[PDB]
Amino acid sequence: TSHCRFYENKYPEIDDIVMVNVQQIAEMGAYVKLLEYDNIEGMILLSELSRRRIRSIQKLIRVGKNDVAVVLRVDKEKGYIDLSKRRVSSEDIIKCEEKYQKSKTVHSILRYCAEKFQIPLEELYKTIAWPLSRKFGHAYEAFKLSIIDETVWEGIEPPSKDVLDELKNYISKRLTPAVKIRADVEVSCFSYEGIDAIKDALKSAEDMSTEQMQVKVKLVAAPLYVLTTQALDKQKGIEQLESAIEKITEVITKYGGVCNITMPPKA
Amino acid sequence: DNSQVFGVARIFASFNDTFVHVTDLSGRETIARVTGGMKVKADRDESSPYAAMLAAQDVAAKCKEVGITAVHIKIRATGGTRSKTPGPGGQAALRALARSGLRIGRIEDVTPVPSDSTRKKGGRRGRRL
Amino acid sequence: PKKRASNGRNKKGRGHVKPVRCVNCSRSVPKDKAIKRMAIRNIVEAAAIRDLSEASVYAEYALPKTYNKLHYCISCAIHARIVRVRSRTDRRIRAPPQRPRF
Amino acid sequence: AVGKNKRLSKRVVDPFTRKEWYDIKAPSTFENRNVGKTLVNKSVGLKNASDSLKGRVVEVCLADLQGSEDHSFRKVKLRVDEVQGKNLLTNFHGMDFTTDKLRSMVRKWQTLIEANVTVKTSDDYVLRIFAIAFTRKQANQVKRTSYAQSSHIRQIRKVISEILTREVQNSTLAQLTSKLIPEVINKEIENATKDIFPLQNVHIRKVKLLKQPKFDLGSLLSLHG
Amino acid sequence: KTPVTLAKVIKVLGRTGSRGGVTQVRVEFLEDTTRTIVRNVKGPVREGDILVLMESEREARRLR
RNA sequence: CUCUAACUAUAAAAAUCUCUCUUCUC
Ligand SMILES: [Mg+2]
Ligand SMILES: [Mg+2]
Ligand SMILES: [Mg+2]
Ligand SMILES: [Mg+2]
Ligand SMILES: [Zn+2]
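Residue numbers (my numbering), protein chains in the order written: chain A, 1 to 267; chain W, 1001 to 1129; chain Y, 2001 to 2102; chain Z, 3001 to 3225; chain C, 4001 to 4064.
Take these hints with a grain of salt, some might be off.
[Stated by the list, open to error] Taking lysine to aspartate or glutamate and the EDC-like style, the derived pairs with C-alpha atoms no more than 20 Å apart in a straight line are:
no.	chain 1	residue 1	chain 2	residue 2
1	Z	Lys-3101	W	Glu-1108
2	C	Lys-4042	A	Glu-27
3	A	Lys-180	A	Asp-207
4	Z	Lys-3006	A	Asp-16
5	A	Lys-168	A	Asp-149
6	A	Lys-247	A	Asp-196
7	A	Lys-247	A	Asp-162
8	C	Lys-4001	W	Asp-1058
9	A	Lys-266	A	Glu-239
10	Z	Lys-3006	A	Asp-92
11	A	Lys-33	A	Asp-67
12	W	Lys-1074	Z	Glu-3020
13	Z	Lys-3004	A	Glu-13
14	Y	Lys-2033	W	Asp-1116
15	Y	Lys-2065	W	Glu-1108
16	W	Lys-1039	A	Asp-15
17	Z	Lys-3214	Z	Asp-3051
18	Z	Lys-3004	A	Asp-92
19	Z	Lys-3086	Z	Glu-3020
20	Z	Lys-3025	W	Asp-1001
21	Z	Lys-3101	Z	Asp-3124
22	W	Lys-1074	Y	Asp-2051
23	Z	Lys-3006	A	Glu-97
24	Y	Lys-2065	Z	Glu-3069
25	Z	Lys-3004	W	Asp-1043
26	W	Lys-1039	A	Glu-48
27	Z	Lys-3108	W	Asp-1058
28	Z	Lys-3006	A	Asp-15
29	Y	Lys-2069	W	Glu-1108
30	A	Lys-99	A	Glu-8
31	Z	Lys-3179	Z	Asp-3124
32	Y	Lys-2031	W	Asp-1116
33	Z	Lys-3047	Z	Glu-3082
34	A	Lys-95	A	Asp-15
35	W	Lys-1062	Z	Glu-3020
36	Z	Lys-3086	Z	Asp-3051
37	Z	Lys-3187	Z	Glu-3114
38	Z	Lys-3086	W	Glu-1029
39	Z	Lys-3077	W	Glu-1108
40	W	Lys-1064	Z	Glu-3020
To be clear, the hints were calculated from the coordinates, so they are not data collected in a lab.
Working from the sequences, and respecting the hints, build out all of it.
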């Protein structure tokens, strides 16, 4: 029971960019289904099909696959779509490819949710997806902040709480990303004692490791020491590793040696 | 003189993507620049007469909205060094502006004709389509 | 073999003539081998005069005409049907096509 | 209709409810002093509109200005000079033909003569004027062309230059326009040239205003009520 | 705004088109006896039929 | 045996080609 379109209104809009699964081709193109809005079909017309000249009709369509699309005039009376494929900007295709995949994942999760709860998708998107899209602009960003922050479900009225529990479990299992921020610090020392200073630096860099983020400067060479961190929020590893670099500098400036940075902390 | 507040439509009709652009008598104040490529999708048909009717009808609607009732016409080809000949579409735009309510008078052509200068683009042997 | 006794140029006693660009393909051609048509037309087509006639201020307006010559390279003149590929004994007839309507 | 890239490198309003209307007045020289309307952005201090209006020029046919149709091919450009509030004046800025009449006169088998001259008015209005004449086929001519000699052309150009210089240097530009509208200089040129060569369709063209002394408030007031 | 108009053909202006399967005719509107317009037609017509035009003023020309 | 008025509006791409040449006298 797959239904319940991705965005606010059932019908396409003015100059909107979508994507289409194609099934059938009669004479003037293909009146074929959508999977960005409900499940309605639309005309792709041959004069407005491809950039090159239309040499073949079978190759460029690829029945049963995903394709770019733009709607010109929406038949907001009965459910018809006039649709285009040629006039989508090269930068526009890829950004819609995002929007489309963005929309698809939320449905992929809430499908599993409905099929396991046998509640029609319409009610689930009504109760959950639409308030999330209203609050955060995208249900995908709402899901990501749900992984981080629990307060995303406050102000929402699920049809049942077990839906929330299983959705949270499935999102923590499937939508799990902890980005590895890594850096390299070059020891350019020529000084008196360097290995004791390095041990002190490693201890002072490793005792700082928190419960959630643990920093281990691993060895791959003498000058080049590698700093690996698991940034849970993609914004704390930077400050951790900057503090680490400051502490390395505090170490090196007085024993006699010198060190330099080769790569700073990067995601 | 029954208070026909006047305008100048100034259709510029090229061999592609004609223009309709109604402005005041001095020409300083624009009203509904809206053009030929505004309302057609092919980008090949921008010169087509249908583009002319569509552009003309919407600019006439804006003309009634603002208040202009009577219009003088400045028909202009590309002119200059290019082809001196009015665009295929613009004539249809003239017809539409005649039709849709607007009163018309004082038809003029203002195609810029040069006095033989600015060597025309194309080389000696010219376009060799 | 000399195709045309008049050499197909119409210069005949001038040395050299200034060139003029073709109107379609912009090929420069001597201003005499520069097949040329008086494109005189009413600014509005006769098919649409009536709409103008009964929906216009200035009762009995002039309805002016637009004037311009057209200069073609002979390639365009032949392809765009301005000039036909006539027969031999019919080449030496220079009178225009019998005043199209009279 | 789309195919956009929007290389940009909604606070929308109704830009025409925020606008005023103003009247146009022609000088006392012509018959119908009223010209028409003009839309203007609303006059606010710090860019008062009356600053913007002074300098506007409007191209108007002489047929409307005179009612008659024989002035159809003429064309006068009037410059906005004085603003009175909801109503503004105009002074003469230039004269010209409709291109279509010019082309209708320009025919084959009759050479055209042009006379160009820069002349200073009686008051200060530094002008440039042009004159166009065509040889006239005689009343009995079987000769298929009506060409004029080069010497005849030189003499005719000199005559027309002298007549134009006289007419402009006589009177002020207000009186000059009052001479222009009856096109009396045309009959004068034909008078002084009909002995040399017939010269059909003599016409004074492209009266171009180049310089103006300061403002001349009083005369402008005299030209409008 | 459904201006479905009717025009009785008053004269047939030959047959055009690369296929040759289209016919251009002069049609005079059933109402407004004044106006006539030239338009294309697909399928056989003879002097007196009533073309059902959605659109009125799109006067097409000879077609290649 | 009296005369000089009409008019429109197309172009994408297409390379190459192995033989075998043979009488007119009544
Ligand atoms: Mg070719
Ligand atoms: Mg010699
Ligand atoms: Mg020739
Ligand atoms: Mg090979
Ligand atoms: Zn050419």
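We went through each hint and held it up to the structure:
no.	hint	in the structure
1	Z:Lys-3101 / W:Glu-1108	11 Å, holds
2	C:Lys-4042 / A:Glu-27	18 Å, holds
3	A:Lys-180 / A:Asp-207	19 Å, holds
4	Z:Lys-3006 / A:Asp-16	15 Å, holds
5	A:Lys-168 / A:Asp-149	11 Å, holds
6	A:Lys-247 / A:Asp-196	15 Å, holds
7	A:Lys-247 / A:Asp-162	48 Å, violated
8	C:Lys-4001 / W:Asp-1058	16 Å, holds
9	A:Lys-266 / A:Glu-239	11 Å, holds
10	Z:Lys-3006 / A:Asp-92	11 Å, holds
11	A:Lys-33 / A:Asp-67	11 Å, holds
12	W:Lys-1074 / Z:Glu-3020	25 Å, violated
13	Z:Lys-3004 / A:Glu-13	17 Å, holds
14	Y:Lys-2033 / W:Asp-1116	19 Å, holds
15	Y:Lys-2065 / W:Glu-1108	9 Å, holds
16	W:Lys-1039 / A:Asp-15	13 Å, holds
17	Z:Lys-3214 / Z:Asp-3051	17 Å, holds
18	Z:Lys-3004 / A:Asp-92	9 Å, holds
19	Z:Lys-3086 / Z:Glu-3020	8 Å, holds
20	Z:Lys-3025 / W:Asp-1001	14 Å, holds
21	Z:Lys-3101 / Z:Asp-3124	31 Å, violated
22	W:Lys-1074 / Y:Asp-2051	18 Å, holds
23	Z:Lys-3006 / A:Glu-97	19 Å, holds
24	Y:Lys-2065 / Z:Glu-3069	17 Å, holds
25	Z:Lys-3004 / W:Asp-1043	12 Å, holds
26	W:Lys-1039 / A:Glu-48	16 Å, holds
27	Z:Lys-3108 / W:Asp-1058	43 Å, violated
28	Z:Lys-3006 / A:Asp-15	14 Å, holds
29	Y:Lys-2069 / W:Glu-1108	18 Å, holds
30	A:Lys-99 / A:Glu-8	14 Å, holds
31	Z:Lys-3179 / Z:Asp-3124	17 Å, holds
32	Y:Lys-2031 / W:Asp-1116	13 Å, holds
33	Z:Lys-3047 / Z:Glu-3082	17 Å, holds
34	A:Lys-95 / A:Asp-15	15 Å, holds
35	W:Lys-1062 / Z:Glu-3020	17 Å, holds
36	Z:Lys-3086 / Z:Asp-3051	14 Å, holds
37	Z:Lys-3187 / Z:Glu-3114	16 Å, holds
38	Z:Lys-3086 / W:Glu-1029	17 Å, holds
39	Z:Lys-3077 / W:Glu-1108	15 Å, holds
40	W:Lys-1064 / Z:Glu-3020	17 Å, holds
Hints 7, 12, 21, 27 from the list above are not met by this structure, while the remaining hints are.
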